[PDB]
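Before I ask anything, let me first share the structure, which is written out below as structure tokens.
Missing here: one protein chain of the complex. Every other protein chain is in place.
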Amino acid sequence: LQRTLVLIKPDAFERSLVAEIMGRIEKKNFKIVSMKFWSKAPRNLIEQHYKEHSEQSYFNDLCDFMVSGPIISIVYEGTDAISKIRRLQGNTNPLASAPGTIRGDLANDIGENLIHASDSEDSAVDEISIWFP
Amino acid sequence: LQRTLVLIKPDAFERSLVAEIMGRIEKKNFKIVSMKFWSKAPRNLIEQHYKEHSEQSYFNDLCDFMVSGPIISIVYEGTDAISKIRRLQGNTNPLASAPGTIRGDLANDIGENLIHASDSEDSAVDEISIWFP
Amino acid sequence: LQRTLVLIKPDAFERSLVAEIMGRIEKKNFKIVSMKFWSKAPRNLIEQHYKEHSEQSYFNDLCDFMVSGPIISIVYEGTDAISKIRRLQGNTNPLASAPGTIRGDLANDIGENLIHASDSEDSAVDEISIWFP
Amino acid sequence: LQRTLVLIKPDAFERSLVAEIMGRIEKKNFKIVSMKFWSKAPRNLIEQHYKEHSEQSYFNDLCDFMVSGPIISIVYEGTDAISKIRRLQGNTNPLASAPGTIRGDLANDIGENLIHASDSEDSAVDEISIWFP
Amino acid sequence: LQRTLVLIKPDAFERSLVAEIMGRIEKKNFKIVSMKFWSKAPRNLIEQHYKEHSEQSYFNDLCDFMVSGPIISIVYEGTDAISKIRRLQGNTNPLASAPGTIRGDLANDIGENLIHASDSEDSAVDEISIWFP
Partner (left out) sequence: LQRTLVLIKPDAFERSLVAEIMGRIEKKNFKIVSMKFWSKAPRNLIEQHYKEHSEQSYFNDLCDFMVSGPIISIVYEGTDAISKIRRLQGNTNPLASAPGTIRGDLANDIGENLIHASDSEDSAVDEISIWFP
């Protein structure tokens, strides 16, 4: 039994894909443990969430985008939930995300990619404490 | 523009229809303005929410059901959101709800009926203040 | 609790709508109690099923159509299953069936209309005994 | 057999509902007989199409909207295609369109209402000649 | 042209996924040759079906589960139907089943995995004779 942190990103709201994305995780039988809606996430929370990317050239564009619209943060719970939800998510790169995955079916940009999911046990605990302190 | 208060009821979680219900409202182009996940709503908020029914025969069963599992409270915003979302919802009575509506398509009980929606401008304001003080 | 008799008609097989139709009933929370696949229903069961129509102008065409491909006979169970499933089904006449209903959404002919559902408690009992003796 | 003229309006493109709308008509078993994609319809065809409204208060806004993005013009064919597709479409007014219909499920504005469908045999013939001379 | 044996397992019934699963195979254009509904399969039929697993530690839990609710057995027919339906099915292990497959989208347990499909020509003939003697 693991908990992972999911963000529904502003592009999901703009494109009306919130339910589509949440439904894919719901149908896989993962349960919501916590959920928070953000009309606009504070930029500092975004910078902490993406602290590992602070020196990447895309960091500021990434942060601008993540504050461009609403976000839903969700803690999902289930056996091996972290790796399983990552697999549903699909690869970051639109050249690689597989059809059948969320990004593979729905995303067409490396930045505007609809959804975040924690990539490891270590980062799950981290991100959960950022969004649900 | 109006805002209306929607509850996603515990039967929706039980039957994995949370995204299905939210998706129907999303596809109608209504926007989430506020949202709260409750692992178990406090009985007092429930009795307040349904205060008009407090002397009805079904009141205790209704309150019991509403705390029997998680709920999501959502404020939706759009032109004539109250009446329009009531129409999507469908009649309380499974003998009356029209196919095409949430309850008409998905609910088969007068109590376990998946979704609450505010029925008027005043009750909307009222319910919004209960779930989002 | 009632039980009603449903037939999935040969046009549903032809048009690959078998799961679509069964799915609408399933999502309404009705339970399969009995089920039979017929690669070709015996003409005699069909004439019995539709005995009320035996003197109508359309009778032979109706019987011919009903043996023109496979059918599935299903007994569904739930509260007020008969009337409720009739409502999902929709009007026989394509000029009358409401969007949201099976026929309203999917059928475009008064004969090739995808689904049979028992129309009363007595006809349900009757039809159930024909298809599941 | 009748033929009717359908326009998929620019809001459908904006909201990525082109296939959703065409799919509802396709599932009803109506056949495309003619089809034209317009990156931007010529204003003159639009004013001709809506000539009956030329003196109405909303005319300029309607014409402006109709050239604000792409449209698809389609001629559909089937028994009673005109009235049947009008029924799928739903009422122009978002306070009136029934869930189950295209507009009832998907539109939330009296102007930005996703789809045009010919309203009579004569207007069908008329509109067909405008979009497919 | 091959025939393969599919079981819709009790968890599909509990979770109301019967049509969803059958629809996926139907949409791939496989035809039903035989179909049998079982309110509860006899435990001995289950033990024969899984005779190859008799010495596995999960054998009794597996059999208990397979008699815990209804089952539908289906013989599907089509070119290379055995391998193709296996690929739609997805891997047994929730850590491996690919999004886009039945288990990959819908199953989250190695035991409660919704669907059985024969794994070879040799086992297809075998299983078909168990369920359709």
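Which chain is which? They are A, B, C, D and E, in the order written, and residues in each are numbered from 1.
Convention: a contact is a pair of C-beta atoms (placed from the backbone, for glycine too) under 8 Å apart; a residue touches a chain by one contact, two chains touch by 3 or more.
Asks: Which of these, D:34, D:48, D:83 or D:91, touches the one chain of the complex that we don't see?
Replies: D:34
Asks: Consider the whole complex, including the chain that is not shown, and state which of D:72, D:98, D:117 or D:124 touches that chain.
Replies: Reading the full complex, the residue touching the unseen chain is D:72.
Asks: Given that one chain is not shown, which residue among D:18, D:41, D:66 or D:115 touches it?
Replies: Of the candidates D:18, D:41, D:66 or D:115, D:18 is in touch with the missing chain.
Asks: Can you list where subunit D touches the absent chain?
Replies: 16, 18-20, 22-23, 26-27, 29, 31-37, 39, 70, 72
Asks: Provide the residue numbers of subunit E that touch the chain removed from this figure.
Replies: Interface residues of subunit E facing the absent chain: 24, 27-30, 78-80, 83-84, 87-88, 90, 98-101, 104.
Asks: So which bits of subunit A touch the chain we can't see?
Replies: Residues touching the hidden chain, for subunit A, are 15, 94-95, 98-101, 104-109.
Here is the rule we use: only the chains that are shown with their structure count from here on.
Asks: If you line up contacts by residue number, which pair in A-B, C-E or B-D shares over half of them with C-D? Let me know.
Replies: B-D
Asks: Provide the C-alpha centroid distance between subunit D and subunit E, rounded to the nearest whole angstrom.
Replies: Spacing between the chain centres: roughly 45 Å.
Asks: Could you grab the centroid distance between subunit C and subunit E? Build each centroid from C-alpha atoms only and quote it in angstrom.
Replies: Chain centres of subunit C and subunit E, defined by C-alpha means, are spaced 27 Å apart.
Asks: Using the touch rule from the top of the page, what residues of subunit A touch 2 or more other chains?
Replies: Correct list: 16, 24, 27, 29.
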